[PDB]
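Next up: a single chain in structure tokens, the form deposited in one PDB entry.
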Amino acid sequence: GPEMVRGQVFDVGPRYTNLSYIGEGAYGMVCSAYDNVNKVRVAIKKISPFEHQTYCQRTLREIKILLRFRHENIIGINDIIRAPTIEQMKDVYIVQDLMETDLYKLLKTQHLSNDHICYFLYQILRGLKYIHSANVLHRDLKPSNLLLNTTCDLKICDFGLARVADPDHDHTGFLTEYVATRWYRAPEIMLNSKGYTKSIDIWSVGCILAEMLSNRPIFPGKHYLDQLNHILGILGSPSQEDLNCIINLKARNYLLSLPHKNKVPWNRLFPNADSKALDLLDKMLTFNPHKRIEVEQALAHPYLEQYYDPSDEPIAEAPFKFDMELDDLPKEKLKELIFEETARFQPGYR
């Protein structure tokens, strides 16, 4: 019979053995394992998405995207295990290289030097450049999604909320609401909840930069509108111009109902941070998404000048187009598509 972890079957042998629990989520259960064929340590996620249309939709997206991406700062998929027939496929196992830690864990135990902050930010943005060049929005960047080895190599993982948004087509009104993790959620996810852009990822990165500078979240809202209050208590009330760029009448009126708050200077929040870092932080944590720095300009900022090298920063050969987005399909059809997409890894070992 198959190996078992905390009561859960983990049917990944004989290739992968010696399973150890790492964690679970809405995303499913993760274990470390040893790959006996390649003689390397791996992480394996067990997913059981097939009863829920939204879970299928997200599994197909994550798999399609990561199988097509090839970049040093994005975690690859090594293998995918599932049953040899569609009727028997209840579970899917995704295998990746095992990383030592993540940025969340690291910031619980360790004040980082400016050098490490600077180098981590470079790699986050280097990977994000590739991701945004493909027309993908990540939509869930946060410290626990940034995997690291102690060699200081960093990889972005967790593409479960990711999607394609082809810029030939206006997606206003058609994007999923309530994306990102609360503390890392851009204001326009609250105020333009169906019409936000890839700029939401730059915001998340700004939140991550702030956390690396101080070892605590910058906007720790306890709930949905309290998040926006935290944001506004640092940034101040938006300018008249910024308010006028908010098309949703209801959201702009909600803002106009709020009591005035003043901008708190970045150097009063971060008295010992490098000034270039704070300047870049400001540009990422800009309220108006149309004024927020974009990934290439962030990379080109003076804070990152010792790493910025557009000849060693790959972009996607073949950006995703609108074709790859019509995945709003019955969950049985999505299952068929997941089966097809994983077939390249069949057969698996006994």
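Residue numbers count along the first chain shown, from 1. Each form is matched to the other, and the largest set of C-alpha atoms that superpose within 1.5 Å is called the rigid core. First, how it differs from the form deposited in another entry.
- Residue shifts between these two forms, rigid core superposed: of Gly195, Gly221, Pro217, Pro143, the only C-alpha displaced by 2 Å or more belongs to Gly195.
- With the core held fixed, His169 shows a CA shift of 2 Å or greater between these two forms.
- Remark: with the core as the superposition reference, the CA shift of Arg268 between these two forms stays below 2 Å.
- For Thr85, the Cα coordinates differ by under 2 angstroms between these two forms after the core has been superposed.
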Second form
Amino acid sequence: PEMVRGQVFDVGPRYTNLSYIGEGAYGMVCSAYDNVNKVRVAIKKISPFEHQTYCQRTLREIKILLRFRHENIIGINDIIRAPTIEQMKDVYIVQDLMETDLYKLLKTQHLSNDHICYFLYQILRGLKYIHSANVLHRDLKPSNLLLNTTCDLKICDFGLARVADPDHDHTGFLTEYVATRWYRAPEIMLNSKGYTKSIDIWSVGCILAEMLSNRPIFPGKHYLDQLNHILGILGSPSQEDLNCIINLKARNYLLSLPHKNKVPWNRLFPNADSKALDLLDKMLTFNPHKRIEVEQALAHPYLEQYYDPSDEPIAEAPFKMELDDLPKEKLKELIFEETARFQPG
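Next block: the form deposited in another entry, after the form deposited in one PDB entry:
What follows is just the one chain, with no partners and no other molecules.
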């Protein structure tokens, strides 16, 4: 087998000429030449089976991405694993190869307003499809937005996703950790389990803000600091918005804060398009009920050069998961079952 930075990559005979791209807690990713389709592809090696949480993420991603088909969502092209459960220690997920991601691009490149408009359009277009399947991505952030050399965009990492459940979204104060900190909506810290579509629109608003200036808008230094940053810009919530928070710990925390005024978006973003800032304001609304939805966002004047509802497709049916009571050994079985279609057979 070919070897990459110490690791076996058991991907042949189909996939050859491996080059290292990167690594993280998920495992290791390489580009490889696909000897069937005659393109280089991305292959990520995941070895999740000793951690229930890694099994959850692996299974969720596989189940979602095999069902989804959308230009702005990364596919799964192939899955390589051992022929038996006994022998399966790794799962190799083969995906379209992209040149970069929005995190890398924002650390190096100024984005023209046309680039910001086009990226946001593609983000919202993919999100329309995801939300139309009754799915929440729940970890939208620059590094989960892949880009190619012509600025086509694809959303990746569906391992944190959930089916939407707005009737069971209420919880208590300072208990929930949904999303990545800088992209996490105020309500997560206050009273929300992150089971409504509004969680994703918030993260998109943070992304848009970050594309305008190359800096995260709410750079919390730790979990508790995040609300300080959000409220620092948005200002004190209104009586009405406060009255929606029925939980007393969360209510009284907010009431305990000194009054803060809204920092105007045109002072934070003096070079931004005024239509972009109007949309930004609507995405970064404190009250998740008042926050703009994905289909309204697409119809916003900022995106009028792109907007075409007939070319913004939806899922053929809502998606249908209950994996937190399942042991890692059971999750391994379901991953084996779900990857069966890619086997010689």
